[PDB]
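*Asks:* With the hints as constraints, model all of the structure from the sequences given.
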Amino acid sequence: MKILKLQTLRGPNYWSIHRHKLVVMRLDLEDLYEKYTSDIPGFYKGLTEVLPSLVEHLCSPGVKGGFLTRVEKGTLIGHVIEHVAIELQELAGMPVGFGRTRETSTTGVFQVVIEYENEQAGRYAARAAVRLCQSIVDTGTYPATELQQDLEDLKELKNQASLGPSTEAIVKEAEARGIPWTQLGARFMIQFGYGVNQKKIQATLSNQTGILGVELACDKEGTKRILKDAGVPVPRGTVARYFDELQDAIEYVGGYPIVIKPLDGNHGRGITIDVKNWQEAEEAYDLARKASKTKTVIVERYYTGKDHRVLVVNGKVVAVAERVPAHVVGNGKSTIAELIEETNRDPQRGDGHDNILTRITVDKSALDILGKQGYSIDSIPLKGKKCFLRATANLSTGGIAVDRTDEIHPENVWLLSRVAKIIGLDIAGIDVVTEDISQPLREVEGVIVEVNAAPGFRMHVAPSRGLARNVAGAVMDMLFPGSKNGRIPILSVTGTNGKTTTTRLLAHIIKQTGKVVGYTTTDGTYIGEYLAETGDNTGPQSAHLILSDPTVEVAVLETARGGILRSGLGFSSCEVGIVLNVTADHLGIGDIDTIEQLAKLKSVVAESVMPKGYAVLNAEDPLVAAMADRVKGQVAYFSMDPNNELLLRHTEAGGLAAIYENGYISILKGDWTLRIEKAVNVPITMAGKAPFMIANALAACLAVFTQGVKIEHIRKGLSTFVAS
Amino acid sequence: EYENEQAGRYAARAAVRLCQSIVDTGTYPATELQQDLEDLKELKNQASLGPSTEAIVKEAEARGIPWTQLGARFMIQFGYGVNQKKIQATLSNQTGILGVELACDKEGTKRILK
Amino acid sequence: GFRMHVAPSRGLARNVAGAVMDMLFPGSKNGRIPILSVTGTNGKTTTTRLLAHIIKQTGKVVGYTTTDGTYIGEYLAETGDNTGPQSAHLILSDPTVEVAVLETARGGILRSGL
Amino acid sequence: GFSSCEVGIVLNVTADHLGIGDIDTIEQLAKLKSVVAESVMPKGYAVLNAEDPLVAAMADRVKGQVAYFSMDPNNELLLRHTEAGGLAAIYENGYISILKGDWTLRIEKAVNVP
Amino acid sequence: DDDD
Amino acid sequence: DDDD
Ligand SMILES: Nc1ncnc2c1ncn2[C@@H]1O[C@H](COP(=O)(O)OP(=O)(O)OP(O)(O)=S)[C@@H](O)[C@H]1O
Ligand SMILES: Nc1ncnc2c1ncn2[C@@H]1O[C@H](COP(=O)(O)OP(=O)(O)OP(O)(O)=S)[C@@H](O)[C@H]1O
Ligand SMILES: Nc1ncnc2c1ncn2[C@@H]1O[C@H](COP(=O)(O)OP(=O)(O)OP(O)(O)=S)[C@@H](O)[C@H]1O
Ligand SMILES: *N[C@@H](CCCNC(N)=[NH2+])C(=O)O
Ligand SMILES: *N[C@@H](CCCNC(N)=[NH2+])C(=O)O
Ligand SMILES: *N[C@@H](CCCNC(N)=[NH2+])C(=O)O
Ligand SMILES: *N[C@@H](CCCNC(N)=[NH2+])C(=O)O
Ligand SMILES: [Mg+2]
Ligand SMILES: [Mg+2]
Ligand SMILES: [Mg+2]
Ligand SMILES: [Mg+2]
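Protein chains in written order, with the entry's author numbering: chain A, 1 to 724; chain B, 115 to 228; chain C, 456 to 569; chain D, 570 to 683; chain E, 1 to 3, 5; chain F, 1 to 3, 5.
Check the hints yourself; a few may be wrong.
[What the hints assert, rightly or not] With the C-beta cut set under 10 Å, the calculated list includes, among others, these residues of chain B facing chain C:
#1 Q149
#2 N159
#3 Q160
#4 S162
#5 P165
#6 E168
#7 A176
#8 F192
#9 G195
#10 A203
#11 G210
[Said to hold, decoys possible] For each label pair, taking beta carbons as the anchor points, the in silico distance ranges come out as:
#12 A:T500 to C:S464: 34 to 40 Å
#13 D:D671 to A:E407: 17 to 23 Å
#14 A:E533 to C:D477: 30 to 36 Å
#15 B:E146 to C:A468: 41 to 47 Å
#16 C:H460 to A:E533: 28 to 34 Å
#17 C:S464 to B:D219: 30 to 36 Å
#18 A:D354 to D:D671: 54 to 60 Å
#19 B:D219 to A:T500: 36 to 42 Å
#20 A:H544 to C:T534: 44 to 50 Å
#21 C:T551 to B:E115: 46 to 52 Å
#22 C:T522 to A:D351: 33 to 39 Å
[Unchecked claim] Calculated cross-link-like contacts (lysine-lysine; reagent style PhoX-like; alpha-carbon spacing at most 20 Å):
#23 C:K515 to A:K421
#24 A:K228 to A:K421
#25 A:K45 to A:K73
#26 D:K632 to D:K600
#27 A:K35 to A:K21
#28 A:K669 to A:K710
#29 D:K600 to A:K484
#30 B:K172 to C:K484
#31 D:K669 to A:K172
#32 D:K612 to A:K632
#33 A:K21 to A:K172
#34 A:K612 to D:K669
#35 B:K199 to C:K484
#36 A:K293 to A:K220
#37 C:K484 to A:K316
#38 B:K199 to A:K421
#39 A:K612 to D:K612
Hints are computed from structural coordinates only; laboratory data are not their basis. Don't be surprised by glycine CBs; every beta carbon is placed ideally from N, CA and C.
*Replies:* This is the structure:
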């Protein structure tokens, strides 16, 4: 047991396509190379007692317990290590269902490929599987304490590398719409789309959310002043820094009752709702000042009515939720003492940051509130009527949300949209206190309490007493208005011998159109006319630089075999995928020992072409031409021999080929021939003396033609491109 | 005519007191005159924008673009209705929260730029 | 702060405020919306409401202030007299108003001007 | 009168006026009315009554997406269609609702529809 | 702060 | 902070 190499693949790869996240391990089996499980005494029993859940694994037999039957028959341990890694990272709550094992050319090393949901979790599971299997083959069993330690480490790794619920909702919507998404490395920011079409979100703030609006929302008094200047019904009140100002502030609001609350507070930190006398007023001021970080508090008039949260996205009301505080109803002739834990036994109850409906937490503050309620633990509710536990009405404590989106008055919708626009927030959460959201806020004495930037919408996607609202869908609609993804044209060039020249020629041709081209070659990564980065810059680590640049409109990526083998492709799909040739020259590196394996590896580019894209293949190369099948999207052939039977048959039914017919670089669009240049006026061809350069020019011209680039631009770019 | 509202009101209130003191006693104390001038200078300083806001507002006035002072956070609003913009000192209403927060983070900015 | 660019002290000053205002208002465009001020002795409210209705026939959001109250589009934004500049600011600062129609009584002009 | 339609709606097929032309069986009538459903372009939609077995049988041999409408909200075929995909319409609780998969969008109370 |  |  020695781990030679541990690679992680993040995109389409040699092992699979549509299985982007994989881990590949080179495992040495020095002393246990060619002995089966049946040859190992007690291995099956120890394995099946350490991990009984392996009984679920449907192997190639395809029946329940098929993997266990295979273990009974006796096979190599690579398969069982794959299976135990899969089950080990699946027991931690990460469902994975892909695995492979292969014997390498070298005498002892195997290759094990395991699907993962989390990169660190997948690597840790791969590392733990070999230790578990070695311990079973050495001692016949694995300690349960070590199994629990590994499982809890996997769970901790999963939790650590996890987004917050708003971010999964938005990312899942983007995935459903086919919008590419990547994780930036600065502040848990997510980038959607590519190049000039990209957007950024953190949790709910987008890259278009204004600093001024966010900072105004966080200022309670400033928000109240601005809304009052706009005619919005805000509560009447004033600030009071010291104790001596309490009276003078109380007579300002217009009598009793009043509300006392800190201005540097959130989530109800030390806020008192209802007070009707001076003793309550002074206790309230003291408590709020203790909760205040700057010893400053606000008094205001108390407004009766239910508390509603209104979500406004892109100036439109998306969801309205009424927040009912923790309460119990004794319609079953039962008192609070039973219902407090009767509700706690509901499977809907859940702590943490995933389950929104938090269990009813009975604290000493809650005991004080229920003492103020006027009833006791064993006081049966009258007539089976709602009796409350607190007044903050927050889901973080055990309250509930009721969907009211379909009941809001149109005038209220207009007013709340206007409020969101006045504050200056693209996504806003407005807190309203009103007796009836179905009536305008002027008839009833409804008020706008506060406006929150970056609101959480987990209460709107699971109201628990109404219809869920597609908030993430509205956010994605705001970010990408039409049926538009954030993609830019991507041209991925692969092949054994002409990648760099073709990539540079493609970039030069596209530069003729007024577009900024970001292209990576072996020489370095360029954006437009300037060098963005030096070095090799051929793997996905340089593709991310191009795809994340806010000025790049078209990406041209040289995709060598090394990057695909090491970490797969840097993108899920490409608009154009060019395969120039496949020749067995540098053979034996990695697990690539046959030219068929090299063709399979280079076919990843061709197979990753989107259904609306094009695969530009060399019809003259049999291995490259064989990639015509298993390709989604159209196929365009290029050939230095104009009499290629496959190319001619392809052009007869359809078209889109490129040939070198009579000293001419020509595009065949079916029955039509469009000549670009005489191939002696193209400098790189060296007056037509370099057939390789002519083939590269053919591929580049066909690739740009498939994307609608006009013939004159292709001609100018081909004539002005100098070999360098 | 005034340049600052509070300063103009204070000058109007002080002028009648100065004239009444002159008619009653024949002169005005120099200490009271200096106190009034210091109060006027303090009023001018208090109700003053910053040089960045001053320059931007002067350019907007030179271009004939209306400008008003919002009462919340020293924000200046240019234009009217749907055609309005807002600035504080150099931040505009189109300046992003994410960009500002990333710029304030030294290590995050270095990582992103690298 | 561009305070060092508008007065380098060892080179040419740069018009930073001009660049900021170009960013805020790209073309030769001010931030103005069409303003229609109705004044007179006896027909201000009726004319203001009729103008608001006529412009509403065009697909435009009309913010108009009359004696009855201040309206934006079809909805009442504020009650009261609302015929002075203190109510004109509400219309002119609203982010959704495209055309402003203001009833300008002599009382507001006398009190605080236009 | 057209080669293709963006939306093809089939409401119901009832064997009432049989015998006209060569149409003598309700299967022939369903085949005749299925011309509209089969003329929907691949990017188009076929709106079918899931509550009608003959109309629901037109789900196959249709190019383009299929959207079901049912007066019974518990139609098993409609629910199965919404679970994998969406785009259905039901009358659930005094409500004309659109099912977009797992999302319910209510339009009107069906008593406010004249 | 965050998810207000 | 402010006018950096
Ligand atoms: N003037 C008021 N009149 C009536 N109810 C009020 C008033 N002020 C606050 N409330 C209620 O008290 C709740 C909390 O008030 P907030 O000022 O929002 O306190 P907080 O510190 O902001 O806590 P969060 O983050 O808003 S839940 C509101 O959601 C209302 O239900
Ligand atoms: N289509 C072609 N077929 C065969 N040989 C070619 C072809 N195009 C170029 N060559 C030869 O291969 C050499 C290197 O090609 P380049 O395109 O510059 O490098 P490359 O294809 O990027 O290879 P790497 O893996 O990136 S170093 C050229 O100098 C030619 O001699
Ligand atoms: N052009 C006019 N000439 C004379 N009287 C008019 C005219 N237009 C309207 N009136 C009458 O004047 C009355 C009051 O004028 P209104 O247009 O209703 O309001 P108003 O002109 O704004 O008065 P104020 O300034 O608000 S008190 C109307 O009810 C009409 O009877
Ligand atoms: N809800 C949250 C938003 C404050 C601004 N957020 C960031 N990231 N600057 C809050 O703190 O109230
Ligand atoms: N409210 C926010 C918090 C989770 C994301 N925060 C961090 N630090 N990852 C959310 O997205 O729910
Ligand atoms: N330069 C200044 C910018 C901080 C963001 N400004 C405001 N008003 N939030 C800084 O503090 O570095
Ligand atoms: N840096 C900034 C300071 C003026 C704005 N601040 C206040 N309190 N008015 C500036 O405008 O230069
Ligand atoms: Mg808050
Ligand atoms: Mg709140
Ligand atoms: Mg190269
Ligand atoms: Mg009037």
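*Asks:* Per the hint of 17 to 23 Å, is the separation of the Cβ atoms of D671 of chain D and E407 of chain A within bounds?
*Replies:* 22 Å, holds
*Asks:* Can you confirm whether the C-alpha distance between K228 of chain A and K421 of chain A stays at or below 20 Å?
*Replies:* Judged against 20 Å, a Cα distance of about 14 Å means the pair holds.
*Asks:* Does the Cβ pair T500 of chain A, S464 of chain C satisfy 34 to 40 Å?
*Replies:* 50 Å, violated
*Asks:* Regarding the hint that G195 of chain B lies at the interface with chain C, is the smallest CB-CB distance below 10 Å?
*Replies:* OK, holds: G195 of chain B within 10 Å of chain C, min 4 Å.
*Asks:* Would you check the hint for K612 of chain A and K612 of chain D, treating anything up to 20 Å between C-alpha atoms as holding?
*Replies:* 14 Å, holds
*Asks:* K484 of chain C and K316 of chain A: Cα distance at most 20 Å?
*Replies:* Violated, because 28 Å separates the two Cα atoms, which is more than 20 Å.
*Asks:* Would the hint on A176 of chain B be counted as holding, given a Cβ-Cβ threshold of 10 Å to chain C?
*Replies:* 9 Å, holds
*Asks:* For a C-alpha distance cap of 20 Å, please report whether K199 of chain B and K484 of chain C respect it.
*Replies:* Given that 20 Å is the threshold and the Cα spacing comes to 12 Å, the pair holds.
*Asks:* Can you tell me whether the CB distance of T551 of chain C to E115 of chain B sits inside 46 to 52 Å?
*Replies:* 36 Å, violated
*Asks:* A closest beta-carbon separation below 10 Å is what the hint needs, so does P165 of chain B meet it against chain C?
*Replies:* For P165 of chain B, the interface hint holds, since the closest Cβ of chain C sits about 6 Å away, which is under 10 Å.
*Asks:* Interface hint check: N159 of chain B, Cβ to nearest Cβ on chain C, cutoff 10 Å. Holds or violated?
*Replies:* 17 Å, violated
*Asks:* With the threshold set at 20 Å, check whether the alpha-carbon distance from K600 of chain D to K484 of chain A stays at or below it.
*Replies:* 38 Å, violated
Hints 1, 2, 3, 4, 11, 12, 18, 20, 21, 22, 27, 29, 34 and 37 from the earlier list are contradicted by this structure; the remaining hints agree with it.
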